[PDB]
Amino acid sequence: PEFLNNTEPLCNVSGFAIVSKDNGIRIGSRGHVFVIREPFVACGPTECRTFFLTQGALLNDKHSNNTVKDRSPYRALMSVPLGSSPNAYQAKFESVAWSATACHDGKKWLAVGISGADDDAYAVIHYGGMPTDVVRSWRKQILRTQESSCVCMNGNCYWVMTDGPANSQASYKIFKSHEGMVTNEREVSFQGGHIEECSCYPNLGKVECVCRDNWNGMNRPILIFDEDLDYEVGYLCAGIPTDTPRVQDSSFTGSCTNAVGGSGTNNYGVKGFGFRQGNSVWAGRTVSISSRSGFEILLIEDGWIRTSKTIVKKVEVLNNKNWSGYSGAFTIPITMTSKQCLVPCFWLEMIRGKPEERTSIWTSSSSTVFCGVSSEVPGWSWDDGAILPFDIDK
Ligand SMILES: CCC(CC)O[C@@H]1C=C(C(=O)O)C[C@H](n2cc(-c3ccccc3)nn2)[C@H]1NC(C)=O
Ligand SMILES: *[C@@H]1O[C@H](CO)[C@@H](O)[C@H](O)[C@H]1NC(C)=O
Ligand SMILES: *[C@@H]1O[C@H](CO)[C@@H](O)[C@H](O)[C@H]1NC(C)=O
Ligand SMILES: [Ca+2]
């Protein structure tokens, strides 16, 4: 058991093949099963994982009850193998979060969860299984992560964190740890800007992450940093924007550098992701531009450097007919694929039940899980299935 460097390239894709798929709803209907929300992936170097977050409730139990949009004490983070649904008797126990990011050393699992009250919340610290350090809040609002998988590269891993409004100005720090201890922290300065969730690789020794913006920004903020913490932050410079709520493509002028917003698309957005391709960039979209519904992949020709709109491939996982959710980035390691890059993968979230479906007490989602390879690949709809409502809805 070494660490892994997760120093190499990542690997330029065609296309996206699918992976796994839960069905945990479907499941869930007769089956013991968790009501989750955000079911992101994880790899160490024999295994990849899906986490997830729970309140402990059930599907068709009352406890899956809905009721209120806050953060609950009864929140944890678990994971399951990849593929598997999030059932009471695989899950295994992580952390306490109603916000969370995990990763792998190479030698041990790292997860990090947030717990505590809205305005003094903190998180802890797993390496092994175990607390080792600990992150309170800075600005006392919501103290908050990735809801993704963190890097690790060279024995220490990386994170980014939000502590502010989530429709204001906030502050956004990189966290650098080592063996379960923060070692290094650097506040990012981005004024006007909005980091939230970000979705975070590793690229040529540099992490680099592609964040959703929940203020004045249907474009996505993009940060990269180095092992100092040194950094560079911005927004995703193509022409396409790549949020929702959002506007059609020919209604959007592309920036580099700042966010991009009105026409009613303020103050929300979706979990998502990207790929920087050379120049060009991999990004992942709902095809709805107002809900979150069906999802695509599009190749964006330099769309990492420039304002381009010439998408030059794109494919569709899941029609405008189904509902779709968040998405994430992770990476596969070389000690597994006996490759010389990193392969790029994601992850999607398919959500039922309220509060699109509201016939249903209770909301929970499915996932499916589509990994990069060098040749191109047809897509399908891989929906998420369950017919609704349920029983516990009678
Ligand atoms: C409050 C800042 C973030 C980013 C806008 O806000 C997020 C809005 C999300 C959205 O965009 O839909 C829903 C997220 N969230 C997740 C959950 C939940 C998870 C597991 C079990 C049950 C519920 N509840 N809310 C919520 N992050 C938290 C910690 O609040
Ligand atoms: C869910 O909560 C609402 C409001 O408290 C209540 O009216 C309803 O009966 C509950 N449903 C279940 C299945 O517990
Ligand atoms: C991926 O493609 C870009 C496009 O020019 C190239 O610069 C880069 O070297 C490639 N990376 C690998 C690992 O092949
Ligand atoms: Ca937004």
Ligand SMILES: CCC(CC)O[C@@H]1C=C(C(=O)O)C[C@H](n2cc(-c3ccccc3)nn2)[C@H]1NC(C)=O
Second form
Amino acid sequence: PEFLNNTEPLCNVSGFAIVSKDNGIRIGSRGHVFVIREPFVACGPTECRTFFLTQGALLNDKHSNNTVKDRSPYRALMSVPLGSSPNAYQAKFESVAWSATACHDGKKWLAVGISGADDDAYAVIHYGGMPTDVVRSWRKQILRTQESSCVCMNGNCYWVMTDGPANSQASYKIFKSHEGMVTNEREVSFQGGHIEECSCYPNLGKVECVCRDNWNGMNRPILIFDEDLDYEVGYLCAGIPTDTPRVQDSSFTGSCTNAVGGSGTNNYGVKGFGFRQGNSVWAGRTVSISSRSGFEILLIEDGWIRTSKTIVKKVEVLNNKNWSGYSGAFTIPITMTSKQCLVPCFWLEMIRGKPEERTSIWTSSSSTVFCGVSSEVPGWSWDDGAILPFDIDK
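Take the protein just shown as the form solved in complex with the ligand and give its structure as the form deposited without the ligand.
Partners and other molecules omitted; one chain follows.
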């Protein structure tokens, strides 16, 4: 076993093909399936896995009642093989966690899970299934992290954390680790900017992140850093906003440097992703400008470097009649593909139950997962598919 280099360029792709769909909520109507959030994906050399957070409650059971806060002592990070339902008997325990990130360095799985009180939380780092290190809250205000795959290159793994207010200036840090030990960290200076729930991927030996601004921006922050934790921080240049909530494209003017907001979009957002394509960018977004419904991905010409409004490709993978949710980025290593570049992939969360479906007492989600390919690929609408309400709701 060797460490994965993962220093290759990201592939240029012309479309995204569906790779998996877990159908977890449909299955959980009768099967024993966890109520979950954030079904993020991470890949090792020979295996991709779906990670997820759960309260340790099953679908159609009384413990799924939404009577416990998100950041509870029951919240755990688990994983299953990509495409599997998040069920009670295939699930692998990863970490205690109400916020998490995970990735694979070529030799072992790394899992970072945050638990504890809001004013004194801490991350426990798990490497090869063993607890190896901890990161304490430095602002004592809900230490939190990506809710998607971290990035490993040359045996070092990297991730982004936030500590501080949800709707005003907070503190943002980048971490470097080796075999589960934190070996370096750096605070990112970003006055007037806000970073949450970063979706990060490797690209030519640097980590590129597209994040969520939960303060003044309906455009997404971009954070790029290297092995020294030297960084560049700003906003996705594109004159097309990709957070939710946002305004219609024609009412938006882009910025590479500043959060662009207002018009009722401040103080919220959703986790999302983007992939640099030379000077251009593939960016995901909900179809609705106001709600977490539908999902589409746009190729914006020169969108990484200027305030372009030129959309050269657009693919819809979930229509606006269906609930979406978080989305995140990951990559497939060279060690399984016949390529000399890293394949960009994303997962899409489709939330069912509360808050949008109030006749249910619970909230869960299922996923679809897509990977970039060298040719154009048609879209469709791969919705969750569960028929609500469920037995427990009656």
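Positions refer to the first chain, counted from 1. The term rigid core refers to the most C-alpha atoms you can superpose between the two forms while keeping them within 1.5 Å.
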query: Position that moves between these two forms after core superposition, taken from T359, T46, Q340, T67, with Cα shift of 2 Å or more; finding: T67
